[PDB]
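> Chain residues, written in single-letter form:
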Amino acid sequence: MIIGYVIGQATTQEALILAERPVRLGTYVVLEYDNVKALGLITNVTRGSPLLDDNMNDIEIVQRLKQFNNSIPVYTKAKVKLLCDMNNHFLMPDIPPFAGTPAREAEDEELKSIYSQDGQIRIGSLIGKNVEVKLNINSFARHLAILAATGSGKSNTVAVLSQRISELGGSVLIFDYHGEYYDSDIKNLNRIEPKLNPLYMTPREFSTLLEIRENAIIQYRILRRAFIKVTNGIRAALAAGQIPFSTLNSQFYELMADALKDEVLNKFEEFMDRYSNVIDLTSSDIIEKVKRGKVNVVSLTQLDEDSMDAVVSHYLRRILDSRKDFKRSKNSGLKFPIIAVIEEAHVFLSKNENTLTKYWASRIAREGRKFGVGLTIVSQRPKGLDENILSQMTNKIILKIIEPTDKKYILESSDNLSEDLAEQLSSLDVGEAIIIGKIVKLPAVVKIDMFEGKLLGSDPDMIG
Amino acid sequence: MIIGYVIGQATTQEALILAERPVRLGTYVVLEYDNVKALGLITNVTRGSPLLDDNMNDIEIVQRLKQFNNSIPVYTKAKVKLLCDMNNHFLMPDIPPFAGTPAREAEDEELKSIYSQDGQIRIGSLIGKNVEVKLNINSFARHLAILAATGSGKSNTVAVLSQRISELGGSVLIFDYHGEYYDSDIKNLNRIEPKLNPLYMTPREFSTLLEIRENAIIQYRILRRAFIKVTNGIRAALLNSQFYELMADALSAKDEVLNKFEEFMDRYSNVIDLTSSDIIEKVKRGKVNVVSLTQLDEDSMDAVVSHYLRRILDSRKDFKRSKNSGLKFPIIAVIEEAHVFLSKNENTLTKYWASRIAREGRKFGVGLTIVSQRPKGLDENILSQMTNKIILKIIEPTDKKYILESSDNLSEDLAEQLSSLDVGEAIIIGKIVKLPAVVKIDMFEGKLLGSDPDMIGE
Amino acid sequence: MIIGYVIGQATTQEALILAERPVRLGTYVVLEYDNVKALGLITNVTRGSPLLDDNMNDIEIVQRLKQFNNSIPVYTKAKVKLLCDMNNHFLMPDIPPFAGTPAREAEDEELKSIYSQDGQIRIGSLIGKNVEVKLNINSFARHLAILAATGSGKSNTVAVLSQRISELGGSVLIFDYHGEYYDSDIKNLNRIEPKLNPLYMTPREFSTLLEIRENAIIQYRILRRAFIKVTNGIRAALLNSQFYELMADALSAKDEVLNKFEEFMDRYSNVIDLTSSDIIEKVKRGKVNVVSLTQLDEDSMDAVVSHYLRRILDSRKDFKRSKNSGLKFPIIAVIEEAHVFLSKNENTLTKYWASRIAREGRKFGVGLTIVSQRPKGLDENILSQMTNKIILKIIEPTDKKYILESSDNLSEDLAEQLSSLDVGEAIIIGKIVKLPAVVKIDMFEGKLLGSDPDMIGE
Ligand SMILES: Nc1ncnc2c1ncn2[C@@H]1O[C@H](COP(=O)(O)OP(=O)(O)NP(=O)(O)O)[C@@H](O)[C@H]1O
Ligand SMILES: Nc1ncnc2c1ncn2[C@@H]1O[C@H](COP(=O)(O)OP(=O)(O)NP(=O)(O)O)[C@@H](O)[C@H]1O
Ligand SMILES: Nc1ncnc2c1ncn2[C@@H]1O[C@H](COP(=O)(O)OP(=O)(O)NP(=O)(O)O)[C@@H](O)[C@H]1O
Ligand SMILES: [Mg+2]
Ligand SMILES: [Mg+2]
Ligand SMILES: [Mg+2]
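Chains as they are written, first to last, in our numbering: chain A, 1 to 464; chain B, 1001 to 1458; chain C, 2001 to 2458.
Think of the hints as simulated: they come from the structure by calculation, not from any bench. Even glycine gets a Cβ: it sits at the ideal position worked out from N, Cα and C. Among the hints, a few may not be true.
Claimed, not checked - One-sided excerpt, in silico: chain A residues whose CB lies under 10 Å from chain C:
#1 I72
#2 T76
#3 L91
#4 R366
To be verified - A few chain B positions that, by computed beta-carbon distances, are all more than 12 Å from chain A:
#5 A1015
#6 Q1063
#7 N1087
#8 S1343
#9 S1406
#10 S1451
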């Protein structure tokens, strides 16, 4: 269906069309000229009048014109981002379109050829069209950033993605900040409680939690000797059957307090006061608690800022080290690839702050691909995310962003986002998104499916 | 009532109108074209003339025209922010309006459908229209920022909001900087004196007050042991002098702890009270609880506010976890003069616990409200977590810029119109509203105590 | 073949052409005027119409014109970067081209005279033309940076280059991040496992790994003495367990050294091997030597890469000085995923020794090649020493800006055209070429192992 023709100046990646039919953001269009089949995306759309223009100042003339019938000339103009040339193996158009080049609505066959065949995980469909958008699953190892303003559909995206992946036999680990997935009717759900077991920690890790640097050789020595001593003693006592699980946490407190000098002691006691609600030597390792083909969800719902940081960083570290061990030995460690999802990531990943999660998020961002560990970060404040972590997020599902410095922030943290695409992020609607990265073959404007279930609310009763 | 028609260029979220009737900021308008019923908000309004334009240089010609009768053509133009499409489930208009599209005043029933039904707490009405605006009370868990220039109506907004919330059985904790609410005829008032009880402090908190932390590892050990020992003993028996002498007994390192302890008892003497009950017990449900900070210094104030904030957060946390301990009802903490506590170039204790509530509070039924006149003197991390924002008159663009970059739901053209706001007028964004609202805030029917003292005396 | 004529304004390094034939980026053109034979490069190409311009608003008029036959006038314009004057010893054109100066396609013989004769290593051919581009191999001592967005052909460039160099008897050391080259059918392949041998470490290097430096002066003394003593003894006898127990014997300060030592043997257990020979002996001349980093962690990787880099540099240095010791042949070290090692907000060991090679390497026959997709995540001091640069598709202007400010031989208009590059296409600058080259890089005829793992499993 011919909806318009090319007018004015055009380059190899941008053109202007005059339309005969109404068009809008997210509309895909084909421009055929020479041996070039140029796929274009409608971005900006404006309407005007040669008669009733900006400098029209007489209201009475307009009122008279209304008394008549369709006696006013109007136009519709639309900017077109030229994506590729379908004739030349989907490369860039090597020649601009001629003025007068007809622009037609893209066909289902063409769109499905691009957005449905190279993908496995369905995220939704194109706007207006009946074309399913499928994401390439292996490309998730190149990590994902889900960004949007408040209430635009970040968590709905996570829910849909987690479900479809699990249905494809994939494994996901969601850190649930508000308890949205933990109390939902999502399929393949695997509930995990936040526990910190020192028996599955390293002395390095235990030192970091106690805010003890490893280069602090005096304190670290005292701590490492003591920690190894007490853990070994407890394990030997469990094998000998001389420590009941009814009394295992308390014993660990007193044993460590005995094996320890004042700085280590101060930080250790503060560690047990600050993380009391989390420490559990009875709890199994997170690796055993994580199930394949399941949407594994860790509840952070009744934890504080510090406790959250400690739990997530531990599980991240455990996952990464385990996946490494599996690549090396093939007879131990996490046997299947996993995708870790950090909700409310701007709480953990700020640049002006140094949390434990940010360190291990960065590690996974640089290593995770080699060990089958994909990372997904979800936030509403892009500029509150570390540049180094955001820039390593190759794949990006960006819903509505209206704050301009946020747009620029995503642009400078992306290597595959164009400024003219970023300029239309404010015109996005709830559930609509611009999807970039290797998860798609070309930049995709998508309507994301509504999660068939029902996620728990995050807003509590403020009256009672 | 047709007030104008669409002229010139139009997008899916902005249009230009030529008006036949006088219009102003905050006027809502309907644009019906095709199958689109577009709600739009009038922002900038300009007036001009094709005859007496900017380049008119002859004063004698103008004077001659004045002797006649209406021989001068004038126009009124207004930019319209296209909010939504009421026909298509209140989404964005998917197509721009045609030039010549008539613009009518929005109907009361329509505006009331958007700004009254999804809300519970009344803040006031729209500008020009007779439509009450009701705010979603549960959305306050996403925290609130009341921002304005000096004398624009920040405390009046706090007064009205605290009242309506209390009337619905809601609870508010106001930290009163100037003593404005404490001796007022506000309804459901619950007066609270600023008290610091060491029996409800943590070794961390008590050590910080004595300025003993990492700078003194030895002293911290001595202090923590002594403090835990003495406090346990006092609680077990179940008083100020007793606590002093007992602490002085339990203690060159011990003298260093003792020195700072004696000093601590001097600097915060006007606040320390072991007879006083925990803040959790003094707070009443369905009441406007106000702590008077009127006669405290920076340090005592910071210590009290941070303590009560920490206690509130920890109690509500314990309640979600155990349900057999802690604060049983949700509360909204309100910090007046927040730029004093939340500056970035300073590190106060209140700032730590405000940020804490800003990140955790939603989960435990603790809402945070910050009231201030210096926006750029508010920490980015705390201001950006204030999802809801009641923004009154701001004329400094760098202030606008700062608020804009700390919001994820504020538009540039809306922030551009903050300077045309008047006393009592505000732009309201967040989940407390269904759509961005330009509102006339009701005048508090009570009487807040004045903030400016007599600078002469008698 | 005349493809256009010069119109409008022209300088000594830029001109505007009206074209009769379709043209594109990377097309070379000759401008003959006066005594000047000017080589020019087509960068930006635009199309327009005097009739159907930007302000065309009537769709019915356009539709009518379509019913006719070629009743619409169109134009094609292209900006041309004036490179040199082939008549005047390939210097800059000293005079602008006249308007109406005909522009012809450059001849194969001419292009081959510039891009084939001063080079040895073939990278590919020019865009549209059938002219092979050969790179100067000796100029690689001025180091190389391969920069592009994700999936543009960085590793394909590395693969091709490593092959041709090896075929000419050149030596390459690739640090393989994803294990792409290690199990591939690339020619002259020499597989190397990641090993750390303390017998080839310095007391400085071994101390840094144990995290013992200025933070522990006492421990550093104890450690250095022990390490030197034990290593000397082991070398004199001429093994892992023996080194462990001997070091454990030679050693509260000694326990502090011992604690960090035991931990060191745990964290780098998968790498430590005293049986392994020095990297200098494992490297073969005329081979593509590849170290597999596929199953290492950040720390082990950083330790291995930095160690091999340091060993290479020091050996080549000793060889220039003594000629009776050290690496006897020049080598080119290639760092894949360089933004992981060379970030500015981080201080890795590889970063120190990359910078070292970047400043010294030219003198000792050690070339450095960095491959990455995040340019602004590369240290300015290291990137600016990369004289030669193969820049493929970059669409982010701040990335362009960053590459531009780290180059001394990249022009703004060339950097402005980086976004129009395609997969396999590149802008090549440096002494490896005689003139800035827009090139189609050959597809590696072999097969690199994939980098993306199965994210589902079986
Ligand atoms: N694809 C979608 N289609 C339709 N409605 C959607 C879609 N995604 C989200 N919504 C709705 O939009 C609202 C926002 O929900 P949610 O998915 O949690 O967004 P959010 O970004 O996580 N909100 P927040 O986390 O507080 O910033 C809910 O009412 C959803 O039902
Ligand atoms: N909605 C309103 N309508 C009419 N008058 C109002 C309104 N709100 C406040 N006022 C009056 O305007 C003046 C401003 O005082 P106030 O309400 O305290 O603003 P304020 O911003 O809190 N002053 P300050 O805190 O010192 O910057 C007072 O006389 C109020 O009674
Ligand atoms: N000169 C070329 N001509 C044609 N295809 C090419 C060329 N160079 C690379 N490709 C192909 O394009 C794709 C890009 O892969 P690759 O060459 O590894 O780029 P890359 O930048 O190294 N990917 P990455 O390192 O993850 O950012 C692969 O399918 C290559 O086979
Ligand atoms: Mg969410
Ligand atoms: Mg006030
Ligand atoms: Mg590569």
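> All hints are to be evaluated individually against the structure, with a verdict given for each.
Against the structure, the hints come out as follows:
About 12 Å separates the beta-carbon of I72/A from the nearest beta-carbon of chain C, more than 10 Å, and the hint is not met. Evaluation of the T76/A hint against chain C yields a held restraint, the C-beta minimum of about 8 Å falling below 10 Å. Satisfaction of the interface hint for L91/A is found here, the shortest Cβ-Cβ separation to chain C being roughly 5 Å, below the 10 Å cut-off. Interface hint at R366/A: satisfied, since its Cβ lies 5 Å from the closest Cβ of chain C, which is below the 10 Å cut-off.
Non-interface status of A1015/B relative to chain A is broken: a Cβ of that chain comes within 12 Å, the nearest being about 9 Å off. For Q1063/B, the non-interface assignment is confirmed: its Cβ lies about 23 Å from the closest Cβ of chain A, beyond the 12 Å cut-off. At roughly 15 Å from the closest C-beta of chain A, the C-beta of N1087/B stays outside 12 Å, upholding its exclusion from the interface. Interface exclusion of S1343/B from chain A stands, the closest Cβ pair being 15 Å apart, more than 12 Å.
For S1406/B, the requirement that its beta carbon stay farther than 12 Å from each beta carbon of chain A is not met, with the minimum near 9 Å. Distance check for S1451/B against chain A: the nearest CB is about 29 Å away, which clears 12 Å, and the non-interface claim stands.
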